[PDB]
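**Student:** Here is how the chains run, residue by residue.
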Amino acid sequence: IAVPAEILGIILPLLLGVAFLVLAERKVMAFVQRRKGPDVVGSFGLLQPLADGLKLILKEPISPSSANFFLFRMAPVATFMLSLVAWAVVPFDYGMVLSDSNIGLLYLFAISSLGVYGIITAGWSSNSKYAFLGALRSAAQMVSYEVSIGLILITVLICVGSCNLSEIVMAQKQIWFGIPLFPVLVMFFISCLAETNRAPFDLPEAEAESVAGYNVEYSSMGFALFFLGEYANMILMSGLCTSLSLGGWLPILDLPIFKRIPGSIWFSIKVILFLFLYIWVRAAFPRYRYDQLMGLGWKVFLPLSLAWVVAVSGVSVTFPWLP
Amino acid sequence: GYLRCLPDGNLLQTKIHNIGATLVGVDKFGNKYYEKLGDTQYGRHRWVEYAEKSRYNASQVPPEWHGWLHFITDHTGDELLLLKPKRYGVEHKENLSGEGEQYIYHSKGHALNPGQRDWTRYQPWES
Amino acid sequence: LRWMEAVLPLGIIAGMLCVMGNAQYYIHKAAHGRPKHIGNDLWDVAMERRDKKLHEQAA
Amino acid sequence: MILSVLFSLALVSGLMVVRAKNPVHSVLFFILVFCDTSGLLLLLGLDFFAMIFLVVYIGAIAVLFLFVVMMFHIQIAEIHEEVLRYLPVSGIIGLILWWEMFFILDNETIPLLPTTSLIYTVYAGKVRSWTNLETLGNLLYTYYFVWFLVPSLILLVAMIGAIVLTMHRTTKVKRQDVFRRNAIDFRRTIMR
Amino acid sequence: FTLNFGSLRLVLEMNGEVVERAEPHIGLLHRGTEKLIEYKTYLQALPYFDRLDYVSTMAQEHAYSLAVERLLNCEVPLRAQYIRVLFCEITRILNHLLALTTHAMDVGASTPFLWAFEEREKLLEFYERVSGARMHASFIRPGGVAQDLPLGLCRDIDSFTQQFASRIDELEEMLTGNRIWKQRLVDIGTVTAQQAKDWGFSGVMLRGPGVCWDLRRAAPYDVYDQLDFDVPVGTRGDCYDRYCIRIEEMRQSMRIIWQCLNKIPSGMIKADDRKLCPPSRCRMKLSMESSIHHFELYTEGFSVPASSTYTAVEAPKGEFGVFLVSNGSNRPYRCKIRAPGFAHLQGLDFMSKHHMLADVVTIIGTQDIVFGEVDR
Amino acid sequence: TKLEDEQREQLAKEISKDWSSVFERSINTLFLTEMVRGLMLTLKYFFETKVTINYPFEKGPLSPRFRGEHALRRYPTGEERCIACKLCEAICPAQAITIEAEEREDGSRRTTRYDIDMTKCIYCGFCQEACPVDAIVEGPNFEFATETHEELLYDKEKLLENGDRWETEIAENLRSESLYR
Amino acid sequence: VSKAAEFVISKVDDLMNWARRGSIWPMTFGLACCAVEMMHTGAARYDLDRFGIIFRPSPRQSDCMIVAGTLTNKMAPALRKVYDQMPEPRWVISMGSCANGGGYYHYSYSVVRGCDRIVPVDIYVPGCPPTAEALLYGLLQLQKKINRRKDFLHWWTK
Amino acid sequence: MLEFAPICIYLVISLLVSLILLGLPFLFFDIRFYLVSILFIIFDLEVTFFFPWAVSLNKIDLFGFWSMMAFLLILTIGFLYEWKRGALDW
Ligand code: SF4
Ligand code: SF4
Ligand code: SF4
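Residue numbers (PDB author numbering), protein chains in the order written: chain 1M, 3 to 325; chain AL, 28 to 154; chain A1, 3 to 61; chain 6M, 1 to 114, 119 to 196; chain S2, 11 to 16, 25 to 394; chain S8, 42 to 222; chain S7, 56 to 213; chain 3M, 1 to 28, 56 to 117.
Calculated from the structure, these hints are not laboratory results.
The reader is advised that the hints may include incorrect statements.
[Stated by the list, open to error] A short list of chain 1M residues far from chain 3M (calculated; beta carbon distances all over 12 Å): (1) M83; (2) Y96; (3) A142; (4) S164; (5) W178; (6) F184; (7) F191; (8) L255; (9) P258; (10) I263; (11) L279; (12) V283; (13) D293; (14) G299.
[As the list claims (entries may be wrong)] These stretches of chain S7 come out as covered by chain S2 in the derived footprint (C-beta under 8 Å, 3 or more residues): (15) 67-77; (16) 126-134; (17) 144-150; (18) 198-209.
[Said to hold, decoys possible] DSS-like, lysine-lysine: derived pairs with alpha carbons at most 27 Å apart: (19) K197 (chain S8) / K371 (chain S2); (20) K54 (chain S8) / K127 (chain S8); (21) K261 (chain 1M) / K175 (chain 1M); (22) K131 (chain 1M) / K199 (chain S7); (23) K53 (chain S2) / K303 (chain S2); (24) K111 (chain AL) / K303 (chain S2); (25) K58 (chain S7) / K213 (chain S7); (26) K59 (chain AL) / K42 (chain AL); (27) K129 (chain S7) / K53 (chain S2); (28) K293 (chain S2) / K127 (chain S8); (29) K54 (chain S8) / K200 (chain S2); (30) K80 (chain AL) / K55 (chain AL); (31) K303 (chain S2) / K127 (chain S8); (32) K200 (chain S2) / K43 (chain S8); (33) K135 (chain AL) / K120 (chain AL); (34) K66 (chain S7) / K199 (chain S7); (35) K301 (chain 1M) / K21 (chain 6M); (36) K85 (chain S8) / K63 (chain AL); (37) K55 (chain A1) / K31 (chain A1); (38) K176 (chain 6M) / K86 (chain 3M); (39) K58 (chain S7) / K199 (chain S7); (40) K303 (chain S2) / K113 (chain AL).
The beta carbon of each residue, even a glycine, is placed where N, CA and C say it ideally should be.
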């Protein structure tokens, strides 16, 4: 019926957006670094993702024969499932949701919790022990920063009585929650940066460095699926950031000239600014050591998140400012 | 050649750069040499359009325009053509190097050479 | 305009988000004849079922 | 039908947990049976409890088990025993427990034999439908705060025990210090 | 447990992610440079020094030419000395830029790499205009230089110096003062001055501890004793202070470049005597003796008196020394090549002790091991 | 480590002179001032013009004293410029040049065999400066990548045709550099 | 074998060659002193990311190995081992003179007389060091060489 | 519920597309990890308790708010124990 059509219309444009997102990351990083990104495969490099995908498809696969063939193959499948089903709930405007779950926030938190298993199984199923150690490190980092992310979600849930993203936005109608909670938004942005192993806290992508990663053993399509899952998670958490601290499909100042824009355009624009911030932070800053980032996650963001939860609860309970 | 811009993207950059340029010359192979001074950075004020949009090659620039294009000389290719030597000389040929065994260069001892020469430095008795 | 050429791939991502959202919205609208409701609950489900039965009885 | 499929998958995953040769496979099938139980909770209507099962059981406890199992690197023939010998005793005990289930079901909970048209809808409690999450929070934080504060003591005990059992600070290893003078002020110096 | 990494091969003994010890295997770039130098004439052996420590090209040429002139006792004109100093400081700037940006990339900072490569491309354009190629330009020869400066080079270098002061300010603003950069560098691979002296460190790795000793001031081998530059030292030798020392050395190299441009004299570019320096093309095509001497200098070489010496210069990596032993013939009997990477890579073992893997790679970047010079 | 501890205490006392300074330091460390400044510089370079060369159509600057492809020239009359003096391989540090010769039919000294390995040439210009007649020159061409090592193994005929092809640019560079000699 | 099936096969081969040409993912084998010039090629001026070239540190994901620098007898087994892990569609670019025929250390112990003795190299880039211009020329030559791969036609006519 | 059926169909379609993507080419010890996991368990339980509290702040009074604060204080003392013992360091 219409549900498979909606699911396909969510999934395929998401893959196109991920491809153009890696292309945009290349272009923005190059323009930052006083150079030009992919410009020779199509006009302005618009066909570069297509060429890359076709090359990856046409590349002949190799079988590691690691005695864990099923677990080796299914881990990128698992993370791809997790990214897609996480994207299954995010709203885009008033009524553009597949599952209008009343517990949408906790659903996304649970899906983020499940995300470590793909990397853990990928590291274990690989023959090399370096990949296993890197997978363990990445899993632990995602664990700590997801604890921080959950505390930020609790702050937002204190601000808004409901638990579904659509009603969250409907409450965001007034002040966007970013004006009241800009430090909370900053902490959530850094936590989601460390959640997807992007920007600083980039352990798996430091392959030229001694940490190596969990994708060393993986073949063409395994690596491609892991990359697609990571970038889909990046877009997902940018959407989470804009739905939580920027009002989602809501204009600025509620002027009637701004209401001519559908609102899905507003959500897309905010997601684009968040992705630009992702690439900006990745290009502009060095990376943390594993111990440094773990101590920072467990000692800097967790106490601050707890303190902000307490402060928001105290502000809301004391005054009649409660929903 | 403007339809090649959509699947090329590099010819697109060249056409974007030929907005305010002045056509300083053209060679006998069709390559059109452009110069653009003013508010332009140093490294991108001279260039060429190879007039072969499908398979343009970096070795298609003749020696007469090679120096001017590479910023060795202020002399355009016309002056070097005027100064081209007589009584000897060959026409410019691209770096094929893979377009065919009959096109590539072969040593005198290579089996692919049309005439292969033996190398022993002695003449046998040859009854 | 170079910044515009560099942001052009981002515009494709924004367009993809808009396309997925709007295609979902219009497929659901065509399937049910009304835009999807986000505040629905047991009461809303019961009322919609009663409305469907009443209208199919009247027609 | 969906319920039958769900607990058939759950039973198969549990059997694989019981009889799995590799403890990593045991953890994975444990994750699978937790997912099936979460689906059963969706069927029941406890969305919050299903999500928290995912978050805690699937996330926390299961990554703990996975980490410890993989880090052990348990080999075969180190944990290996023939299952045929214990089959009679397992069957007898399972049959006794199943017979007791039979006796429990035969008296208290009688299944209904074939309904929808006889459903009387009150419409009075549906004006403001309280979610499971909302009701649980209201109760647990207003009128049952003691049974909520006690698990905090349990978690504190667990943390204290985990530290006092699995803590080993390095006796002689240098630790980087960022509060040095060259990092703080860094007065420039020259050879002259 | 032993963890292996595979032209940098390194085996590390680890206990708790803490590096107990690190052992490098270096021979992967051994090429028989000393044997080939022994088998070839001095002029034919200059390109070998071009290839050694390839990030800093003309420093090795300067060291080799100084050793040959010491064994040969030939006076180099003031203009040749000044242009040699200018290009040695350009070489120092190039090497420091590359070392800093490769270290930043190894840490994780990717963007300053390409800015410093734009600067390096400008400097390599300077090299290509003054000499044959962008890299491995055999420009510095015993008795002087290969050729005179092309006209306009001084003006272009002045423009580069201004824009490069701006660029160094730019890079220091981005890297210095960053919390992540500080956490990566400070208190990482610290070396005491006694440890540095014991392990034979030189250059930045020796001035980082604060020994307060520089070769250009201890043994001035050029107009250096007329250039009144500054030599930075580190209060507490570590990666951060070595990085700051490298920044200050870039600034002082710009200072020396400006001074050389300002006070460069007008004269000849090589030694006056044609027995040791080849005559010009016009002279060899016009004069019988000049033709004889060109022919003899390009078939045979200058026969240095039989002696052994060690000549060391302040290469950007550190003290680069050449030990030349002759026997009166046209070929060097023995040529030992002391590079300031061989000692630093020994220092890696105790520097990266009780540290972690990222600290090991940071220490490698700070020491700036070019494997060509360590595998000389 | 007691010295380190007391140094840390002294430094902490030094940089905590007053509440204004401690508050300023805490706010700077909390609000990511250095990170914001780095982001601003990064944005400035994102919005500034680029220095990409656009390779195939725009090529990097060179010099007349460029060491590209070895080549052999001729006199304006048409005769080979190369006498068989064998100063090429006497000075070639890599020994990439092999030359054999004999007296020609009219008594002229010419090379009957002259080959250069482009896989052994280090592109150093020793031969082009050791030539008494300016016969061998390292031409300005450098885009001569070949698919086969045997192709990269040159000989006299290929060197002569390279010189004939690039004679005008080589002559211009030779004039400009003979000024610098 | 027909004239319309041949046209369809030619179009498919053109698409495959376009994809493989525009998505080259070379891996650096950066020994000695062609690697610095390679980093200059990868810099802002002669940028490689425009044409699709991005350096993959893992040999399993790389397309073509670019061997730049001197090959030593101590390192040739490592080069061969790393080459053997590359996927079947693979190419080799030998940059410089050391990796072509031994270069300036041809008559030397513990120096492999060109990488051709260890791995089958497709394109040589002469120079010492070859200009970044010349190395990018060699990469464009690799694109041209893989622009005439009739893999589908060869598979069809077997 | 009635809203998780689209989630199940989405999961099935995601499986299908992942399998298709895989099959396209075929056509042609350490205690620190354990401590981190234990902290994960504790703070997952913390957040699980926060969720209903945060949702139902409007119904629960200062009694509920202070009960949650006491819960945090009991568990924040454990966090101070973690910090001072050295469990948060690596
Ligand atoms: S340029 Fe140097 S290496 Fe090349 S042939 Fe001439 S002397 Fe030999
Ligand atoms: S130096 Fe000149 S004349 Fe002598 S052999 Fe070489 S090219 Fe011929
Ligand atoms: S070919 Fe020349 S530039 Fe390249 S590694 Fe060898 S000596 Fe260095």
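**Student:** Now tell me if each hint is right for this structure.
**Tutor:** Each hint tested on the structure:
A beta-carbon of chain 3M comes within 12 Å of the beta-carbon of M83 (chain 1M); the shortest separation is about 5 Å. Every Cβ of chain 3M is farther than 12 Å from the Cβ of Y96 (chain 1M); the closest lies at roughly 17 Å, confirming the non-interface assignment. Chain 3M draws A142 (chain 1M) into its interface by the beta-carbon criterion, the shortest separation being 5 Å against a cut-off of 12 Å. Listed as a non-interface residue, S164 (chain 1M) fails to keep its Cβ farther than 12 Å from every Cβ of chain 3M; the least gap is roughly 8 Å.
Every CB of chain 3M lies more than 12 Å from the CB of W178 (chain 1M), the least distance being 19 Å, so the non-interface label holds. Every C-beta of chain 3M lies more than 12 Å from that of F184 (chain 1M), the closest at about 20 Å, which supports listing it as non-interface. For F191 (chain 1M), the condition that its CB be more than 12 Å from all CB atoms of chain 3M holds, with the nearest at approximately 19 Å. With a closest Cβ-Cβ approach of about 28 Å to chain 3M, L255 (chain 1M) is found to remain outside the 12 Å limit, as its non-interface label requires.
Annotated as non-interface, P258 (chain 1M) keeps its C-beta farther than 12 Å from every C-beta of chain 3M; the closest such distance is 33 Å. Every CB of chain 3M is more than 12 Å from the CB of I263 (chain 1M) (nearest about 28 Å), matching its label as outside the interface. Distance to chain 3M confirms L279 (chain 1M) as a non-interface residue, since its nearest Cβ pair spans about 26 Å, more than 12 Å. Under the 12 Å C-beta cut-off, the non-interface status given to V283 (chain 1M) relative to chain 3M holds; the minimum distance is some 23 Å.
Separation of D293 (chain 1M) from chain 3M is inadequate, the least Cβ-Cβ distance of about 4 Å not exceeding the 12 Å criterion. Not every CB of chain 3M is more than 12 Å from the CB of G299 (chain 1M) (nearest about 9 Å), against its label as outside the interface. Check on the region 67-77 of chain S7: 0 of its residues sit with their Cβ under 8 Å from a Cβ of chain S2, so the three-residue criterion for coverage is violated. Coverage of the region 126-134 of chain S7 by chain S2 holds in this model, with 4 residues showing a Cβ closer than 8 Å to a Cβ of that chain against a need of three.
Requiring three or more residues with a Cβ within less than 8 Å of a Cβ of chain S2, the coverage given for the region 144-150 of chain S7 is violated, as only 0 such residues are present. Counting residues of the region 198-209 of chain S7 whose CB lies closer than 8 Å to any CB of chain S2 gives 0, which falls below the minimum of 3, so the coverage claim is violated. Distance hint between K197 (chain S8) and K371 (chain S2) is unfulfilled; the C-alpha atoms sit about 59 Å from each other, more than 27 Å. Our distance criterion of 27 Å between C-alpha atoms is broken by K54 (chain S8) and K127 (chain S8), whose separation comes to about 78 Å.
Note on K261 (chain 1M) and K175 (chain 1M): the hinted pairing holds, with a Cα-Cα distance of about 13 Å set against a maximum of 27 Å. For a cut-off of 27 Å, the pair hint linking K131 (chain 1M) to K199 (chain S7) is broken: about 40 Å separates their Cα positions. As the CA atoms of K53 (chain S2) and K303 (chain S2) are separated by approximately 36 Å, the hinted pair breaks the 27 Å bound. A threshold of 27 Å between alpha carbons decides the hint, and for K111 (chain AL) with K303 (chain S2) the separation of about 26 Å falls inside it, so the pair holds.
Taken as a hint, the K58 (chain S7) and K213 (chain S7) pair is honoured in the structure, with Cα atoms around 17 Å apart against an allowance of 27 Å. The hinted pair formed by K59 (chain AL) and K42 (chain AL) meets the criterion: a straight-line CA distance of about 12 Å does not exceed 27 Å. Between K129 (chain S7) and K53 (chain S2), the direct Cα distance comes to roughly 18 Å. Compliance with the 27 Å bound is thereby established for this hinted pair. Under the criterion of a C-alpha separation no larger than 27 Å, the hint pairing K293 (chain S2) with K127 (chain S8) is consistent with the structure, at around 21 Å.
Among the hinted pairs, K54 (chain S8) with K200 (chain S2) is consistent with the structure: their alpha-carbon atoms are about 21 Å apart, no more than 27 Å. For a cut-off of 27 Å, the pair hint linking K80 (chain AL) to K55 (chain AL) stands: about 16 Å separates their Cα positions. Our distance criterion of 27 Å between C-alpha atoms is met by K303 (chain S2) and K127 (chain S8), whose separation comes to about 17 Å. Taking the CA atoms of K200 (chain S2) and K43 (chain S8), the gap is near 24 Å; set against the 27 Å cutoff, the hint holds.
Among the hinted pairs, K135 (chain AL) with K120 (chain AL) is consistent with the structure: their alpha-carbon atoms are about 21 Å apart, no more than 27 Å. As the CA atoms of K66 (chain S7) and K199 (chain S7) are separated by approximately 17 Å, the hinted pair is consistent with the 27 Å bound. Restraint check for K301 (chain 1M) and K21 (chain 6M): not satisfied, since their Cα atoms lie roughly 40 Å apart, outside the 27 Å limit. Using a Cα cut-off of 27 Å, the hinted pair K85 (chain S8) and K63 (chain AL) holds, with the two alpha carbons roughly 26 Å apart.
The suggested pairing of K55 (chain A1) with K31 (chain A1) holds, with an alpha-carbon distance near 20 Å, which does not exceed 27 Å. Between the alpha carbons of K176 (chain 6M) and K86 (chain 3M) the distance comes to roughly 55 Å, so the proposed pair goes past 27 Å and is violated. A C-alpha spacing of about 25 Å is found between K58 (chain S7) and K199 (chain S7), which places the hinted pair at or below 27 Å, so the restraint holds. The hinted pair formed by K303 (chain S2) and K113 (chain AL) meets the criterion: a straight-line CA distance of about 25 Å does not exceed 27 Å.
Violation of the numbered hints given earlier is confined to hints 1, 3, 4, 13, 14, 15, 17, 18, 19, 20, 22, 23, 35, 38; the remaining hints are satisfied by the structure.
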